[PDB]
Amino acid sequence: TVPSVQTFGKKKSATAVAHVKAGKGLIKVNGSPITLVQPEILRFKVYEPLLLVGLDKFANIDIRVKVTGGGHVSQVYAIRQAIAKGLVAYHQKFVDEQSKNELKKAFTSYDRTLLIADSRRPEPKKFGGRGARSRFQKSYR
Amino acid sequence: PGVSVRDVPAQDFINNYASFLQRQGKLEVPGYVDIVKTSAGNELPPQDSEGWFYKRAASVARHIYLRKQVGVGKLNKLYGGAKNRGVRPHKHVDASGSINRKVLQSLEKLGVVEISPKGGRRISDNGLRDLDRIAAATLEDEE
Amino acid sequence: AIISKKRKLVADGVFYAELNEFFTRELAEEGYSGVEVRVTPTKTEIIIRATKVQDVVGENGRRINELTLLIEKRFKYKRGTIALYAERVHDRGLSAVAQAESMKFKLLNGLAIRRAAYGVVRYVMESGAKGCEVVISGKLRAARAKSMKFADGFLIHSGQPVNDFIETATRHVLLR
Amino acid sequence: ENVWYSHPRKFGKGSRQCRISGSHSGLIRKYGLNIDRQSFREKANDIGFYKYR
Amino acid sequence: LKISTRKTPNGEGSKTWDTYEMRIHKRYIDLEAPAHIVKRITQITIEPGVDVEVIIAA
Amino acid sequence: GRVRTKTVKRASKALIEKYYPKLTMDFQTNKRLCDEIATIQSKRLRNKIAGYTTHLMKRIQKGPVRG
Amino acid sequence: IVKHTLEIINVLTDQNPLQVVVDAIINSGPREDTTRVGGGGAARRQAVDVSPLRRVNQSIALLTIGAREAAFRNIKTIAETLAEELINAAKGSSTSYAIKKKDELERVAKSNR
Amino acid sequence: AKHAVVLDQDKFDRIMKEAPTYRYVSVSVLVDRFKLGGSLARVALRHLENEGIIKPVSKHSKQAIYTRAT
RNA sequence: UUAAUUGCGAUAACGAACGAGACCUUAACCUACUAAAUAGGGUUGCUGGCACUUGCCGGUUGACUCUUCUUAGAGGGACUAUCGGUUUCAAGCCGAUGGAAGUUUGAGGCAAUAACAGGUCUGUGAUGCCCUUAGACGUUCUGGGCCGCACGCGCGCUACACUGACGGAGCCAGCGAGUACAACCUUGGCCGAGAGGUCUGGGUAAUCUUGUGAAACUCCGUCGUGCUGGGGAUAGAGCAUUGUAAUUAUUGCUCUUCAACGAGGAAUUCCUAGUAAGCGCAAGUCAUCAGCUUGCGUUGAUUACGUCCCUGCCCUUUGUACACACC
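Residue numbers (the entry's author numbering), protein chains in the order written: chain Q, 3 to 143; chain T, 2 to 144; chain D, 3 to 178; chain d, 4 to 56; chain U, 63 to 120; chain R, 2 to 68; chain F, 115 to 227; chain Z, 36 to 105.
Hint data in this document are derived by calculation from the structure and do not stem from the laboratory. Treat each hint with caution, since some may be false.
Stated by the list, open to error - Calculated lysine-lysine pairs in the DSS-like style (CA-CA distance at most 30 Å, straight line): (1) T:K92 to Q:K128; (2) U:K64 to d:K54; (3) d:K54 to U:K101; (4) U:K69 to D:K106; (5) d:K54 to d:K33; (6) U:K69 to Q:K14; (7) d:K54 to U:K88; (8) d:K46 to d:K13; (9) D:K7 to U:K88; (10) D:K8 to U:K88; (11) d:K54 to Q:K140; (12) T:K27 to Q:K127; (13) Q:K68 to Q:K87; (14) Q:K68 to T:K78; (15) U:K101 to D:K8; (16) Z:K94 to Z:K70; (17) Q:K26 to Q:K12; (18) D:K78 to D:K106; (19) Z:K70 to T:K92; (20) F:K205 to Z:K90; (21) Q:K59 to Q:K23; (22) R:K49 to R:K19; (23) d:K46 to D:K151; (24) T:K27 to T:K56; (25) U:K64 to Q:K128; (26) Z:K94 to T:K56; (27) D:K8 to Q:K127; (28) d:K33 to D:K10; (29) Q:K106 to Q:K47; (30) T:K27 to Q:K30; (31) Z:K97 to F:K117; (32) d:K33 to U:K64; (33) D:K106 to d:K46; (34) D:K78 to d:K13.
From just these sequences and the hints, can you work out the full model?
Right, here's the structure in full:
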């Protein structure tokens, strides 16, 4: 009955799934509200999707996230990519396009990935050296 | 409203819980207090000295609330951390078992922890009351 | 039983690896390419592809009848669960393992070093092949390390199209 | 025939052995193989191992 | 299933390493069917190079 | 360093010489006409024929070419 | 640490702290930096000019070298020293090593001109 | 030991004299005058936060910046 | 021009093969197919507590149904695409725009002819012949050594602390591995200041260990620029464990012993992006022993984006009294 689209973002192995609904305005992270997060200095990064477009958009939409994988700081990107898509999925389906297109071009000027998935994955460590490129120390004395 | 444990911050949750226990002084004391290292690898004893156990017992109670059933060996592995084993790389080994066990044994008689099936320790009905009352008290401190 | 699936899959490979090694020794005189095992319910079909088929079977069940009893005592099995057949080979030219046995005979008998290779290279093209290569090594006349080569046609050395196409076969000989 | 003709050889390097000849060095015991690392390269594809990457 | 190994039969020259590995595909098809119908499907549908096995107990 | 190989240009000359019809400007339509006639094994090598054939169509409107 | 450096500048004579940071980048970027030319064997230094990212990339590095060396065995932890380096460069005092390391290379080019 | 760590009652008079009206007030600032060296400066600064006097900006261990109460 | 005898163009040269490129494996993209109580989510029930209105946190593999994550079949997606400059305005290279992806899209796997008297007879019932062939250089049991200590070089670990150490509090990964004829990984509960004792399991393994809640990190306190609370070496006594056996400290733990070293002289090695360098984890050997090697994921820069000055490699043109070839 209620509008439900299962948006998800991804930075490295850190994945997050934002199940949006219609109601009062919840933006919870692992049960707790938006203002925890828990890196503590990077609380300001999680607001960036909210403060650009505005809090007026979230008055109808109710989001809640479960984050797993990666580390501490990598999971903040997973939340931020999930919430950014969470609006677009709602505004694409059941709202006019001109609002949703203003979200797109707003996030291009402050493009810290947001909608776009990041390219970098880890690369194998090959034999003979302490890393991929880094080789062992030689001696011919 | 929606009064839950998650609205209160995790670090700030234990401060109100610690002072709540010290008023009564009915959580019980084992006997090994301040004759203690704290972990298997830790040069200095507890700096807090007095109190101390009431900080530990509060943080054990809130973790038993969130999860299904927590045990002794897992709590030692969770609290325990790094070492300095001479001139080698730093390893990880469990903390003190005797401290974390008597937290769980004493909290049963006070009225928080319950004996669960399969294995571990889950929460009682009266245990959820004291967790929410202190959470509601911490909500009043902020608001 | 009850054993894990990773352990039995590796143990299946070594079981065959033993069987392939002994038939190299035992069927040296009668010709031998390889063995193909197919474990059906209860019984097991062991198909030995060889040149001289009737000699591998023997005198109406003698060579294979004795060899079936050997496999039981090695790997612990009953009379009925194993059946050693003998089928013909799909040509000699493409199946490169067959040429090594013929070459092994020609050196042990006392035939020419170079002209044995000139004979077999033609036979590879006569069957229907693209190219060929026969590298003989060791002290071929005089007391020093030497090598030979008698190639023909196109021979591809790299890429994944290598394992499928090129049939290889190494087989050592003495002599004095 | 003689009484003392053994040692407690239920552990270590001396008791353990390969299937082929019996070398007490470079022994692969992973997955219960017991084939030394010189002969494993020879018999890799027959068992089913391949150099994919 | 990996077994990393040095290439040499002695251990001289340059130091090089391999990754000889064995793959293993694994499937499950759970029937809610009668007893004797499993005796039909097990006899047929066998092709060499595949490990057939049935539990017949939940 | 994306210099196209000889085996790509073997097909690119042979296709355009005979089939000048069924070749018009864009990648996607001309890409469907490469696998049509020829029998290429891989995807990578098949699509690389479509790349250089389509590039010659851009030049053909600005005069001819040798060969 | 970078947040704590900006909090110091906000207290000192009000001011937007990025105005002190940007002016520090201007006053620690060398005009002329000589490249070691051979011409036989000896290390004669020809006067080559510097623009534009090389003025910015060197200047930001020289501030952090002067900042961290000042807080090597010291109560005055990095944030206090880094804040002082930017004030000295913005208000050209000829004391901070962001300016001195820039000024001492000026200078070397004109000798071989 | 470079002195100025030992507790003296004569110094405690002069701490309250030089407390008010300053731009920079921290653990980094007081040690430059050769006052209570190291940790006893932190305890001296902890007194000045209780009854107003000097009000805070940052609240971290190792980064403790304060400014005068206007 | 290219990473490349890679291609354009010039022509006693015309077409061809091998090597490279193509091929194969792995890492990304798919709300479209095909699917699952050994993967996770929603509807809801039964229920436990909570703010007392609709709603918040749940505990059960009670029911119903499904595929965003998740595994893996089967396909597509990339072709320098489309434009702008720049070139016999050729082959390419460089600036935008679209795009998850624009260095061969990242990294490996396979690897030509021709050689070196490079390594292995200490992997071998792969092996020529010489030695050794019972008073045995075959053997077999038992003590001892491969680790002796004025002295050199080679990889390495931990430090020369305040971007730090010592306390609590917060609390997140991925590669793996694992017994039934042995003694494997081993949660939960009691004993213990530790190490480790014991009762029980579960697991032949996306089912149980296991969410392998691992470190570095985060955030308030304790010390503050003194060989110091930094650092941990030498030392002595006992308590544990694996072994037929630990004295030539096997290994870990408990108090004491508390040094050397205030950023390293000539020299010198490795390195262009999820890389470098911190950081631990797993496996390999393994009765018991990582300061090692091979693999994985967290934290994630500065600085080129060019050149033959140095050290060596490929061709052409020149000279040779060299050809087991400037040793």
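**Report entry** Pair hint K70 (chain Z) and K92 (chain T), alpha-carbon separation not exceeding 30 Å
**Finding:** Roughly 41 Å separates the two Cα atoms, so the pair is violated.
**Report entry** Satisfaction of hint between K106 (chain D) and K78 (chain D), Cα-Cα up to 30 Å
**Finding:** violated, 34 Å
Query raised in the report: Is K33 (chain d) within 30 Å of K10 (chain D), Cα to Cα?
Result: This hinted pair holds, its Cα atoms lying about 13 Å apart.
Requested in this report: Measure nothing beyond the straight line between the CA atoms of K27 (chain T) and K127 (chain Q); if it is 30 Å or shorter, mark the hint as holding.
Outcome: violated, 57 Å
**Report entry** Hint consistency between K8 (chain D) and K127 (chain Q) [alpha-carbon to alpha-carbon, up to 30 Å]
**Finding:** holds, 26 Å
Query - Holds or violated: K106 (chain Q) to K47 (chain Q), with C-alpha atoms at most 30 Å apart - result: holds, 18 Å
Query raised in the report: Taking only the CA atoms, is the gap from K97 (chain Z) to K117 (chain F) under or equal to 30 Å?
Result: With a Cα-Cα distance of about 14 Å, the restraint between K97 (chain Z) and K117 (chain F) holds, given a limit of 30 Å.
Query raised in the report: Between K78 (chain D) and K13 (chain d), is the straight-line Cα distance small enough, at 30 Å or below?
Result: Given that 30 Å is the threshold and the Cα spacing comes to 25 Å, the pair holds.
Requested in this report: Assess, step by step, whether the Cα of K27 (chain T) is no farther than 30 Å from the Cα of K30 (chain Q), and give holds or violated.
Outcome: violated, 36 Å
Requested in this report: Mind checking the alpha carbons of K94 (chain Z) and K56 (chain T) for me, to see if they're no more than 30 Å apart?
Outcome: Since the Cα atoms of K94 (chain Z) and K56 (chain T) sit roughly 23 Å apart, the hinted pair holds (cutoff 30 Å).
Report task. Decide if the proposed pair is consistent with the structure: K33 (chain d) and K64 (chain U), CA atoms, cutoff 30 Å inclusive. Result -> Distance of about 9 Å is within 30 Å: holds.
Query raised in the report: Going straight from one Cα to the other, do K69 (chain U) and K14 (chain Q) come out at no more than 30 Å?
Result: violated, 35 Å
In terms of the numbered hints stated before, the structure departs from hints 3, 6, 12, 18, 19, 30, listed from lowest to highest.
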